[PDB]
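Colleague: Can you build the whole structure from these sequences, using the hints too?
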Amino acid sequence: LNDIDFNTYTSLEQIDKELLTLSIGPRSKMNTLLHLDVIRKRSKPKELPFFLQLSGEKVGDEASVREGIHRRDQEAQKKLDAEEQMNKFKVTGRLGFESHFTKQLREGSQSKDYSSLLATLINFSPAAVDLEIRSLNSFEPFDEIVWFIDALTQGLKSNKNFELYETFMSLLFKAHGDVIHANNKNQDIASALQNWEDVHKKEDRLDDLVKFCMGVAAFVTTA
Amino acid sequence: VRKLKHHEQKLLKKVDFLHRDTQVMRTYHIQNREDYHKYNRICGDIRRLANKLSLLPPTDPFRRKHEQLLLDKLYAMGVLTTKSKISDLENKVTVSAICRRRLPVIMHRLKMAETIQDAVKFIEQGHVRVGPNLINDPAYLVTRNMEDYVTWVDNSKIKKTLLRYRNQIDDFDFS
Amino acid sequence: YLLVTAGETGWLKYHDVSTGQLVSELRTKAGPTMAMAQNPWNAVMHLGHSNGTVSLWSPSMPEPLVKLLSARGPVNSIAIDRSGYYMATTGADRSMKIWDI
Amino acid sequence: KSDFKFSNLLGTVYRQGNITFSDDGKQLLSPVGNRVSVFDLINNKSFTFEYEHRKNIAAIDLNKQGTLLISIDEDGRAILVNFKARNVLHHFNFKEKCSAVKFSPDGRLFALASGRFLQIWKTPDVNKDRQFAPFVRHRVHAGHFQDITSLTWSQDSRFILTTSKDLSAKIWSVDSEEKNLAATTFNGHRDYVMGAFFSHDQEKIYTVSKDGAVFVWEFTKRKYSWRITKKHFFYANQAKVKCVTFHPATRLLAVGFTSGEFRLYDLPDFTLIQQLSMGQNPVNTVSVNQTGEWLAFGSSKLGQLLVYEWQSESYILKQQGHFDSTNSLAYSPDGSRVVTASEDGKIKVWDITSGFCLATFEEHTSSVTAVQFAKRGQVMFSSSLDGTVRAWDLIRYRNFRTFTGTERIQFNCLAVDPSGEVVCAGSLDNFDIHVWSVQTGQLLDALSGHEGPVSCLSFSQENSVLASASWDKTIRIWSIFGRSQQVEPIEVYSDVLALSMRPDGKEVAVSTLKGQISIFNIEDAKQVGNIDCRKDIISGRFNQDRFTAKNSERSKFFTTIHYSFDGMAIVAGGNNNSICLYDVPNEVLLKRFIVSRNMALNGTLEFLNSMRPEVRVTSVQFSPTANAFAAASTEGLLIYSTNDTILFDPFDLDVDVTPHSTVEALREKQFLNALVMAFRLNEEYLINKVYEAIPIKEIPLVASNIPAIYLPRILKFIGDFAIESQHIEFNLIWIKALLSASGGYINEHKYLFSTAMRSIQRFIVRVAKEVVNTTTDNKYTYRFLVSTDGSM
Amino acid sequence: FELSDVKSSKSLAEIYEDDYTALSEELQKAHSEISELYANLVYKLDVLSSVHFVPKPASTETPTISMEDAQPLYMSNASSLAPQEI
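Protein chains in written order, with the authors' numbering: chain UU, 702 to 748, 756 to 777, 786 to 939; chain CI, 2 to 19, 27 to 183; chain UG, 203 to 303; chain UA, 2 to 223, 245 to 632, 675 to 856; chain CK, 398 to 418, 425 to 463, 470 to 495.
It should be emphasised that the hints constitute simulated quantities derived from the structure, not laboratory data. Mixed in with the good hints, there may be bad ones.
Here are a few chain CI residues that face chain UG, going by a calculated C-beta distance under 10 angstroms [to be verified]: (1) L13; (2) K15; (3) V16; (4) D17; (5) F18.
Using N, Cα and C, we set each Cβ at its ideal position, and we do this for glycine too.
Modeller: Right under this line is the structure:
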């Protein structure tokens, strides 16, 4: 009633467990996430020898013409430029081996609950999120991917931040879709994806609702 | 400085740091010397565009299109009346043509005010309008169509008296 | 009959005012000239730069006739006796000099 | 409904002066001509301060604790304002032209570089109730010889660096004892000085020149003082430093030259982190986030503002406002986008919900004269003096077509059929309405019959007719479909010059040159009624005039009219200083806003205080969400809104309807009664509370039993809440239940639920299909990645 | 075209270097110049014959940014193409 006494009321976080909710934030974050890479590609900025070696047509050697008989250089020069920035940035500050995100994921796997991982994942910045999801690992045991899949499935069970959990899943399929498809039918990943699919086939009611509302709305307003 | 005498002229024939500009000042009453210089510089700009576009290869779609653009835009401005020539552009675009396009001169030939100075006084006193909106500064070159749609502002003493003489005043319009 | 207009881009122009033609136009490699005063026994322009150097210029040739190191920092002001014999320079490092030109 | 606050300003993201970041680094404050725009970066939003100044803002600053904002215009006139409420606290008058302002990082006091004196004031408390005269001086110093060109505080709040055109940099202290400590100067330096900074430990002092020289002074020994430890140089050809900023905690020096180059250096070792060219015009202002990660750059010549993130090389925002003057306006059919056309040909597409510039279009050449949409989300047409009418998409963002006449004739006004199939354009050199087909492209014909230029056009979007109005003192209603080609001419008393049409499609409203807004019924071709406007217009005087601001008809008429979407209200604007909001059915004015108090703009003084930019409203429109309206004027795209709703506007109350009674209704579980009483009170927070209170298994019963008087208000509220609320299927269950329970009523009175259905479908289209499309994409990706055979 | 009956300023070494290394750069130079000066002219005339203030249009290496971009900055050209034309 304190909200009454101050005649101002705050929206609830989530009304109920069965109710899908969105991230409390901008609606631009979904588009920015799903289309981050192309944003980079469109936001990159715009930009002798003494002994010459000429040819039989360029100089007057039509005889050698009638009996006629640099990309690797640019590749080498590109290598060289890479060396240049590589040793131009030379900070020796002492930084931890294991990044915060991957560590937090690790003990989340240990404890079999990913609450903190989801919290920090949502708190990330979009450029970051893309960076880490791209820079996961794909070794044989597939532990990191399995753990991340479990985290996303746990979140969809949580019924919060529905949009960001789906878009994280799509980003993972974008980056490491190749490996997951390749080593498909491996039992662990199969089970993980099967849980994910179970939750998602549970959620499709939202598609139903949106289609109904749109169809009826157009019918009423134009007929 | 002193209308200096014969011998000292011969020694100093060029020491005066103190008249077509003034001739136009008197004949069509343009506002200031800087105004006249402005018109001259405009004419020179046109001339140099002609020279450089001519230097451009005459057999170029770009050059010919840009030529037609320029000439049409000048015609729309109404400095000149023809369209079929370029030597017209190099010769008859004159400070005289621009200054006769000037608004009070338009008022005079279209017969708003009997004299150029009366026209300018009326522009100051705010009695004319071009299309919807009125005009306060005489140095206002009027486009072809607009100068065709010049007339007085409403409910001005000038229009009231004109209509009174005609005995065609009509107070419903609060003329 | 000569008008001297030293300013900020670092530049000194003699403008003959009777006939009306820029007689001379000398760049100063120094910088924004801080002070300026004319030697009248001599009619040579003393500019005072930010280095702490006075420089004596004449409209004929494009190099300083002479340069003096007066003070450190910049030179606020310079004034010249009417006989063009003595000069006084004041520089923003709280310094004052009396010079035998 | 008749109250509007100035809620936003679009275009001109930066005009002149200092740019700053907020404490949290989440907000960028920019000075626009009179006011201050706040761009909230993480939540992707914008905002503009209601108060104006008298002239252009010359400097800003934000208190570090994120509470106070001082803003000074070009004559010492300073306004001190609060944020957490956005109100003006005081306004003092520092008599000389200020040059820079800074709040000491303690916040206790702020310094002020004006001319060649340094001024240091204490700063008023905010928690303190509004005092009368709270500004108090703390010190004045006059050690310089020319203008103080830049200023800096120390990290501890005890020392001030001032750089002046005397070629010098001065350390002043704030106390007398520390004056004794370091009251020191810094000489020996080339063309100008443009910044001075303490290092992190403060034993090193950097001075950045104008020629391009950096001096590292360092308190070392040859009884010893401030040697010039090192000299670094930029090397630009002729470009010169224009503005510099130094983040000490990460040792960044960002420098913006006059050629449009800007560089980032790491300072002590002095390495070039990077270098970019923003444009061919000088970079005019710089600032740095506190965490060192975001750089803000302002260039004034084009009014372009950039926020860059150098760690990751990513542009958080890169907008550039219009150059000349927003000539015309158009809203998207649902209300999300706004397209504005300059006097240059720049046609920019803005998004509203985040006040940003989604795109620009440059394919026009001369000034654009009118812009308009279809009754569809697809297309958009523009008309310019170019002699062309250009048809753009807005899903691929590209021209369909360039309609044009035959003689390259300039087009003043535009209109488009509802079916998006016929395009009509009215010139001024021909006074024939040229009519093109969309899909074919080649112009059908020239509707002729006016004499004198065709001032404006529009289409009745129900009978699908067009009214065309001309300086022939006349209106002309054409039916141009189906075998007939029939005309109907009506006469007004004087030159019509603006026109608009009832959304239902029955009436026209035409503003003439006497300043009377006549209103006609179409089918009867008769005059339903007119509204005088001559006296309720605040024109402006001209400093070059010889007469008064009353007895001149300089802008005594309205060149822009538009209806509201209930068809009950009219917004009007012209070359005058006023935007007047009338209402049709009773012929009166509801409101009058003054567009700008800025004596720089010409017609802004009513009595002068004993060629140039004038103020004028080129075109107005309502919003298809009918909670806000926009006016495109010489200073940009002003947007007034109602989204405050700080107002007790009840409806059909009775003595027993109180918020406490509503809460008691909730507790005793009559959800229908609670909702009805909530609307009867008509208060947003109570509506919100009850709405989120009632349960799902009972929503359908409520939707069944809501009274028909409250169907429209509930639909509208649901739409305007479901845009920015995160309870999707809550809103969707609600909407589905509403449509199910009452559909036939809405179909029978579609014109009454227009804006309601518009908002609902906007919610579903813009922020529901997107979630479901991503869902579908993931579902199919999973199906394919599992179903198919593996690799190898 | 026309030959050059004046002495060649660059010897064989140089002309072969040139053969070792938009139609005519001089042509684009003249094109840009005439465009700029014509913009100046139309400025002058619009100031003279308009009714409302008009500003001077503009002023007239290293990597550059593009502040205008006639796409929403997140749309791929693969998505701006239409199926008929591909």
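Colleague: Now tell me, hint by hint, if it's right for this structure.
Modeller: How the hints compare with the structure:
{"no.": "1", "hint": "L13", "result": "9 angstroms, holds"}
{"no.": "2", "hint": "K15", "result": "6 angstroms, holds"}
{"no.": "3", "hint": "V16", "result": "5 angstroms, holds"}
{"no.": "4", "hint": "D17", "result": "9 angstroms, holds"}
{"no.": "5", "hint": "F18", "result": "4 angstroms, holds"}
Violated hints: none; the structure is consistent with every hint.
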